[PDB]
Amino acid sequence: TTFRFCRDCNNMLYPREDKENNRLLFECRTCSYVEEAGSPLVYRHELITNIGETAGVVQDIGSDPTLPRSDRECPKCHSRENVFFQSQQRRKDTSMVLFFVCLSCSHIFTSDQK
Amino acid sequence: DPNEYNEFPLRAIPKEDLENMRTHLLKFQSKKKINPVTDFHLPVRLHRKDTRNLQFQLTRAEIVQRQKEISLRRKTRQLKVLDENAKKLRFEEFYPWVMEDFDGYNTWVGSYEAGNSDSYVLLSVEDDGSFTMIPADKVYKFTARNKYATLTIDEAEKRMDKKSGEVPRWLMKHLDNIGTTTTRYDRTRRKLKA
Amino acid sequence: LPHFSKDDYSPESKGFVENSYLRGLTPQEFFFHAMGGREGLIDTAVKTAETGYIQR
Amino acid sequence: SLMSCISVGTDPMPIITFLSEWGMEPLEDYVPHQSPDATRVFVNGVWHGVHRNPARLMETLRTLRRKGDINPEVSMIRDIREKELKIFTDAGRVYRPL
Amino acid sequence: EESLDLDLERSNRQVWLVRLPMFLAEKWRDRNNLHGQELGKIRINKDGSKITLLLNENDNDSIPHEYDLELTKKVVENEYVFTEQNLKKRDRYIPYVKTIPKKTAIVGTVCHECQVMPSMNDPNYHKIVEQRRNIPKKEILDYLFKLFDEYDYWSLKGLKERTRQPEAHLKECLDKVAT
Amino acid sequence: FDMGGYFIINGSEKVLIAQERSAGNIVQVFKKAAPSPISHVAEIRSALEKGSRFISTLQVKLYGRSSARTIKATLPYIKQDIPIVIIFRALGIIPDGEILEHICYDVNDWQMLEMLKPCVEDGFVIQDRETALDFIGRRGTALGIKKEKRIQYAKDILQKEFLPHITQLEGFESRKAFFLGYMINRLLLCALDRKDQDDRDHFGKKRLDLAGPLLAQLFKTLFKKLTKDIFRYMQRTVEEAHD
Amino acid sequence: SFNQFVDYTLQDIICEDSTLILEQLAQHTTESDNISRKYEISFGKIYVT
Amino acid sequence: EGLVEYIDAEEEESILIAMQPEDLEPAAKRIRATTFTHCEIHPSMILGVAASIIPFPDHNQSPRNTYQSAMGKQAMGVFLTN
Ligand SMILES: [Zn+2]
Ligand SMILES: [Zn+2]
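Protein chains in written order, with the UniProt record's numbering: chain A, 2 to 115; chain B, 94 to 164, 325 to 447; chain C, 784 to 839; chain D, 540 to 637; chain E, 54 to 142, 198 to 243, 295 to 338; chain F, 197 to 261, 264 to 441; chain G, 50 to 98; chain H, 687 to 713, 726 to 730, 735 to 784.
It should be emphasised that the hints constitute simulated quantities derived from the structure, not laboratory data. Please note: incorrect hints may appear among the correct ones.
[Unchecked claim] Derived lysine-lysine pairs resembling DSSO-like cross-links, with alpha carbons at most 27 Å apart: (1) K341/B x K347/F; (2) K411/B x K344/F; (3) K126/E x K125/B; (4) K126/E x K391/B.
[Stated by the list, open to error] Just the calculated beta-carbon pair ranges, DEER-fashion: (5) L332/B x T783/H: 55 to 61 Å; (6) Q331/B x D334/E: 42 to 48 Å; (7) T419/F x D414/B: 24 to 30 Å; (8) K94/G x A735/H: 54 to 60 Å; (9) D82/G x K210/F: 55 to 61 Å.
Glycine included, each C-beta is placed from N, C-alpha and C at the ideal position.
Start from the sequences and build out the full structure, keeping to the hints where you can.
Right, dumping it as structure tokens:
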């Protein structure tokens with residue numbers, strides 16, 4: 002569902018149809034460059050979204066003070082230090098999931114109990 | 094450090110040559126490397142022209158072929334003051350820099366950016382190893398233009414007016430197949446053939 | 784309030800004044816008490832004008 | 540409140556030059572791909588460019604304003620969660636000592 | 054007089070671009086400077102990747118002498134530096205838009221950009237930081304006849320400057336014969 | 197004991213009182229109500245200390261709750279809101295991938311790019327900067343030697359009045375473009391529900407005006423009145439003398 | 050706030066708009082020719098008592 | 687020399703404050735994190751001029767404080783000495 006731009010001039014290729022061989026010609030509209038696409042999927046909606054709970058993992062989260070600290074272990078490095086915080090995707094509908102990130106292994110892991 | 098490099102500290106420019114020259118900076122906007130001294134249909138005439146209706150402008154080859162074929326007062330006012338350098342800059346960049354090939358196959362239009370032209374300074378090694386010392390003055394960014402037979406204002410307005418739920422997907426290709434609004438290179442080719 | 788780490792829901796952080804008027808309030812609890820009282824005052828100051836109009 | 544105080548503003552232009560000199564990319568050659576994660580820098584709202592390693596600047600500016608070489612009404616924030624860095628030097632802010 | 058085309062043979066030249074600290078830019082953009090002298094020395098590794106600037110003592114120690122020249126960009130593309138010195142002296201194309209294309213000349217391309225940074229260990233270095241913190296009825300009758308013969312729409316103001324006479328005497332003469 | 201910062205007017209001790217206002221020159225988003233055709237808007241106030249009061253209000257508006267998915271941006275003195283691709287071309291960005299690089303930053307995410315596809319389709323009309331600059335925004339005054347609009351006039355608008363912080367001089371269009379893209383990204387984050395609605399009663403987004411700024415307002419107004427009056431009596435001393 | 054407004058901000062608000070010029074060359078043709086009568090008024094440093 | 691800091695209303699979204707200078711500083727009266739960057743000077747200096755006169759203001763109801771802070775400006779005493 003991503004956009005492929007015309008390499009010859011940076012504009013996204015548009016879906017247009019072979020009138021006889023029946024192929025997906027992503028053609029440029031700016032210039033005349035044409036491209037054959039890979040899959041018959043073109044448009045895509047996703048009427049229900051449920052993603053974004055682990056947002057903004059920067060490489061140096063531990064430099065902030067205001068994040069709390071705990072004593073669970075990273076199940077890659079088993080260091081007893083770690084940082085946890087609430088899910089990032091602030092909807093009225095989200096959960097109490099805690100995402101633990103450890104400074105040692107720089108690795109994220111949750112505590113789901115399904 | 095041992096002489097594993099051309100250790101030539103700077104030899105400054107001729108001061109007498111410094112006057113009556115200004116050495117700006119050229120910048121291109123494309124992901125592919127461009128060398129105009131190879132790609133371009135030389136001669137190259139970098140001019141400062143107005144760009145009003147450059148689709149209907151001049152091809153150099155077409156111009157050569159056409160030449161060959163032909164041959325009360327208010328008494329009261331107030332100047333709200335403005336800086337002389339700024340006003341001169343407005344006057345100079347009232348037209349931008351344009352360079353083309355002889356064919357008009359590929360054109361590039363410059364414009365002025367005022368970021369950090371002062372802080373930049375040039376150092377070129379010469380053929381003898383002379384390291385020349387030029388304080389750069391201005392930088393210009395150039396974008397290619399009308400490489401793909403751009404449309405025009407009025408039929409553009411009829412396209413963007415809310416008469417259709419969506420404009421035609423291949424409308425520009427249909428107009429090209431009709432034949433209207435050709436490229437500058439195509440106009441030059443037609444003038445050369447006729 | 785800027786005296787706690789992020790993402791708490793323990794009642795003292797979000798405003799349970801556990802203490803009592805005899806012992807006095809820790810300053811955070813004092814602030815939350817001020818919040819509740821202010822809410823009451825502004826509600827009175829609007830309801831009086833509207834109820835007067837609608838009595839007339 | 541009793542220790543409250545009011546900012547009176549200070550010219551940003553030494554901070555701007557200083558902050559350029561300690562490593563920025565001015566916006567005119569910024570490109571998103573080659574710096575996919577570097578940090579935006581704002582001064583009174585105006586963006587001035589992007590910088591690679593933010594923490595060194597952040598602590599450096601702290602040390603500089605603690606040494607007294609920047610008028611201590613100046614306030615800086617490194618919002619680590621969004622790769623932001625703000626400098627404020629306008630008048631009319633409210634501040635209290637700590 | 055000369056040709057109308059630009060120069061091309063100096064395309065294949067290496068040019069290096071330097072971002073410069075502003076004091077050093079002011080020292081190096083002086084007309085009383087720029088005389089071919091060599092005020093410093095450069096130092097690249099055999100492996101590259103680090104340059105200090107060995108500035109000579111011509112600066113007289115107000116500014117440092119040890120400058121960590123940091124190569125900002127190793128490889129640079131699509132960059133061409135050009136000069137412009139002044140020149141010796198549907199088919200209705202406008203021939204003259206008063207474009208005055210002077211002697212334009214390429215002088216090379218850019219592969220590297222580097223930034224000059226003074227090394228903080230120098231006493232003049234970081235001293236600059238606190239410095240930045242610190243900062295006649297019958298005669299006129301015939302004469303009138305020539306005058307309107309010169310110009311039939313002769314105005315009163317043009318008449319007055321052509322007479323320099325008493326105006327009431329002037330006005331009573333004019334209407335007696337013509338307008 | 198009379199440590200007092202007050203004034204004596206006609207022999208009565210008068211005092212100023214600090215006013216406040218929202219912080220200038222700072223980004224706010226909003227969620228206007230459902231029955232309006234607009235769902236999310238962004239605002240920028242501005243100032244420049246403080247010639248002719250420098251209001252210069254800007255919006256970026258969104259439409260629909264689908265198919266009305268469009269981003270019209272208002273602007274003085276342009277009487278209609280404009281889809282933003284026109285503005286990007288007007289500042290001088292032609293190719294759409296680089297408009298997208300101005301807007302979004304992570305090329306991996308896409309939801310913003312499907313969210314922006316209709317505005318790109320709006321931008322299919324115009325493929326050149328002055329052919330975007332031409333668009334109307336009449337709102338006075340009388341047009342000079344024009345055909346429809348001076349391209350010079352429109353670019354003079356975008357240079358002098360538009361967004362009267364980051365610059366005002368002549369040559370900082372790329373800065374204006376990045377600023378606009380940042381604004382769009384903030385609006386789009388708010389409407390895409392990754393980032394919450396802004397607040398107005400956070401204290402830091404307010405400033406306290408006080409005696410100096412208030413005196414600055416009165417002094418600027420009075421001195422501009424004064425300059426107008428001294429410009430009078432100097433042109434109309436056609437007769438003697440230079441008093 | 051007051052001290053800031055007196056020490057600075059006042060000289061600034063003057064010097065930002067000091068110039069006012071009516072330099073008269075001829076403002077019509079001739080006048081033969083005439084010369085550029087610079088009637089200029091500008092403000093400098095200010096004073097406070 | 688870096689002992690106190692001026693903090694505006696925003697860096698509190700970036701810092702962490704301690705009440706007492708002992709509250710977490712070493713690792726029948728009243729009921730009363736290891737990354738502190740600042741400690742406040744004294745918690746009683748969140749008050750204002752009028753409310754700094756109420757004795758034991760932490761030991762009553764807040765609206766009563768608001769009344770008293772209103773009424774105190776209507777009191778009489780001396781006001782100056784000249
Ligand atoms: Zn193409
Ligand atoms: Zn681990």
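Hint by hint, here is what the structure shows:
1. Pair hint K341/B plus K347/F holds up; C-alpha atoms about 24 Å apart against a cutoff of 27 Å.
2. A threshold of 27 Å between alpha carbons decides the hint, and for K411/B with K344/F the separation of about 21 Å falls inside it, so the pair holds.
3. Only pairs whose Cα atoms come within 27 Å are accepted, and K126/E paired with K125/B is accepted, the gap being roughly 18 Å.
4. Taken as a hint, the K126/E and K391/B pair is honoured in the structure, with Cα atoms around 20 Å apart against an allowance of 27 Å.
5. A hinted range of 55 to 61 Å for the beta carbons of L332/B and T783/H is consistent with their spacing of about 60 Å.
6. As the Cβ distance of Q331/B to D334/E is approximately 45 Å, the hint placing it in 42 to 48 Å holds.
7. Range check, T419/F to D414/B: Cβ separation about 45 Å, and the 24 to 30 Å hint is violated.
8. At about 56 Å, the CB distance of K94/G to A735/H agrees with the hint of 54 to 60 Å.
9. Distance hint check: the CB atoms of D82/G and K210/F are about 58 Å apart, consistent with the given range 55 to 61 Å.
The structure fails hint 7 only (numbered hints given earlier).
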